[PDB]
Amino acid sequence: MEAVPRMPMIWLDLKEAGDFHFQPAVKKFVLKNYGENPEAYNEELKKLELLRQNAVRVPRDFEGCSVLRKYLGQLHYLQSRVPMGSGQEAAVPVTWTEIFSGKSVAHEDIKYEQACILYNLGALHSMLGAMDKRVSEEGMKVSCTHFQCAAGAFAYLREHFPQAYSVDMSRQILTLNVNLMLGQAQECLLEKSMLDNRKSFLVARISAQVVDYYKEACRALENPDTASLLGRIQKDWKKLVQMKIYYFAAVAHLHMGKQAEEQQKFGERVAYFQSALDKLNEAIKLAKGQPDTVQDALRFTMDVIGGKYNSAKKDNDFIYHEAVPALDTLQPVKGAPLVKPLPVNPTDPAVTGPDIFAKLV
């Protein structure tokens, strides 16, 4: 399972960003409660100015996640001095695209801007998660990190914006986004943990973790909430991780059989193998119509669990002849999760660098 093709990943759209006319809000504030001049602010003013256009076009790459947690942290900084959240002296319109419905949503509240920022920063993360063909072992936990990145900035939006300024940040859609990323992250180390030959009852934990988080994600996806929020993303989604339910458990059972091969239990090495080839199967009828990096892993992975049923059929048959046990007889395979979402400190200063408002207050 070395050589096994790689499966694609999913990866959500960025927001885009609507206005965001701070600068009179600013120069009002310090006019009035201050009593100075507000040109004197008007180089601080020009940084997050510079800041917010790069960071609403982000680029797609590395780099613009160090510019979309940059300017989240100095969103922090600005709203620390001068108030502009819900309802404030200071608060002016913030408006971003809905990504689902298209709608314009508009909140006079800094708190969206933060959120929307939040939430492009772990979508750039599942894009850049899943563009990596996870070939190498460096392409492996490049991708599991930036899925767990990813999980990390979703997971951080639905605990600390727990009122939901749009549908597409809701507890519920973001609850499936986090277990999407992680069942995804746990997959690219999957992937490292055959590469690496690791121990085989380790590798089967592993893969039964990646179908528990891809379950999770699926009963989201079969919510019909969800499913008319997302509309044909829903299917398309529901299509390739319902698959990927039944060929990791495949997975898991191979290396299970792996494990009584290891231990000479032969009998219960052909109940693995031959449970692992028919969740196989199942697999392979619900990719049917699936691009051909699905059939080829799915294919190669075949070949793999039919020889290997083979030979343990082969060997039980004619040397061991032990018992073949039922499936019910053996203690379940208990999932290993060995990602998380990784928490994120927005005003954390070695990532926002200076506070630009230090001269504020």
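Definition used throughout: the rigid core is the maximal C-alpha set that superposes within 1.5 Å between two forms. Positions refer to the first chain, counted from 1. First, how it differs from the form deposited in another entry.
- Relative to the superposed core, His321 undergoes a C-alpha shift of no less than 2 Å between these two forms.
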The other form holds:
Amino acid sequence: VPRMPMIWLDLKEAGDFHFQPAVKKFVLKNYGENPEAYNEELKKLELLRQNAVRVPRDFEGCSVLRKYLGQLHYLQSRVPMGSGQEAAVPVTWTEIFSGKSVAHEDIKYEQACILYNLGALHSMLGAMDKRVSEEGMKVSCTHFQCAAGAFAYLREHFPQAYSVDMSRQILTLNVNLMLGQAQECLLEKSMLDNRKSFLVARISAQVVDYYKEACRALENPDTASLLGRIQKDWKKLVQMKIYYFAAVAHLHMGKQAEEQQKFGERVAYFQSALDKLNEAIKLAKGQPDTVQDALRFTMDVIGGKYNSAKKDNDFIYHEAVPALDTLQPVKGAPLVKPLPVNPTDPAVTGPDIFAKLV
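Now that you have shown the form deposited in one PDB entry, what about the form deposited in another entry?
What follows is just the one chain, with no partners and no other molecules.
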């Protein structure tokens, strides 16, 4: 079965964070020490920043970002570089949707951007994989949940947005899109694992529910205008997937009917699935071959099940085909959540770079 492609988020581009002079002055003025006595530590932090803002786009890249994020917390605990504080310096980053530089004299803006990039990087690692195996689906699911975790942490701990790409409404979209993709990975896995058809239907139904939340944000004219050109691409994929996974949910409810030997119910579910799938195909116009191939394969599957079921029923069982509205709807089975981040886990940060600054 050809898998659907996944959306990922680009990393923000960093400008300057000239922390050195401010740290040197605070050391002299507050700690009463030679301003130059911490050139080693400053040098280590600068090299770590350079590595993080140019992070390698791979799994090892995630630990570089976590290490730098943590060292930023350590530095803030020793030298006051927050909003309005004595040793604060300009921090500049590029806002994703506009490409404009946004500056704040606040080291927590630097932390927020780094956390954002950790989420973006996780989204890339999750979306770049081909998901051919159970393990691949599981690891991708984990990356999407880590991405959701980063964006949810940002959303919760940084309520006043430093820039619109990090505003509450946009982060909420990111979270729902990432949980949708995580749940989609587990749907694929549940099929590989041969779970009961009814359970597979609930899992797929929840994929639909997450994509519906994300689609709502994409359809929000205000939210949309913040995104710009990228709204159109994301919306097309998401809206198509809403119909696709609703069709998959009904395909599996029909499979349950087949197992229960309810041959009229079988027809009704497969008919609904075909209807939903046909809508997905209309919505997919212009989409890449990865999408077209997924849909073609599914059309062969659902079309075949439907014909077979309609034939068994028309020639043999002659059972009434229930009105869909007389069938208990499928409730989503949520299997995913945003995975928490501890920015100051000693395991990720290593020793405090400024441990000697006391």
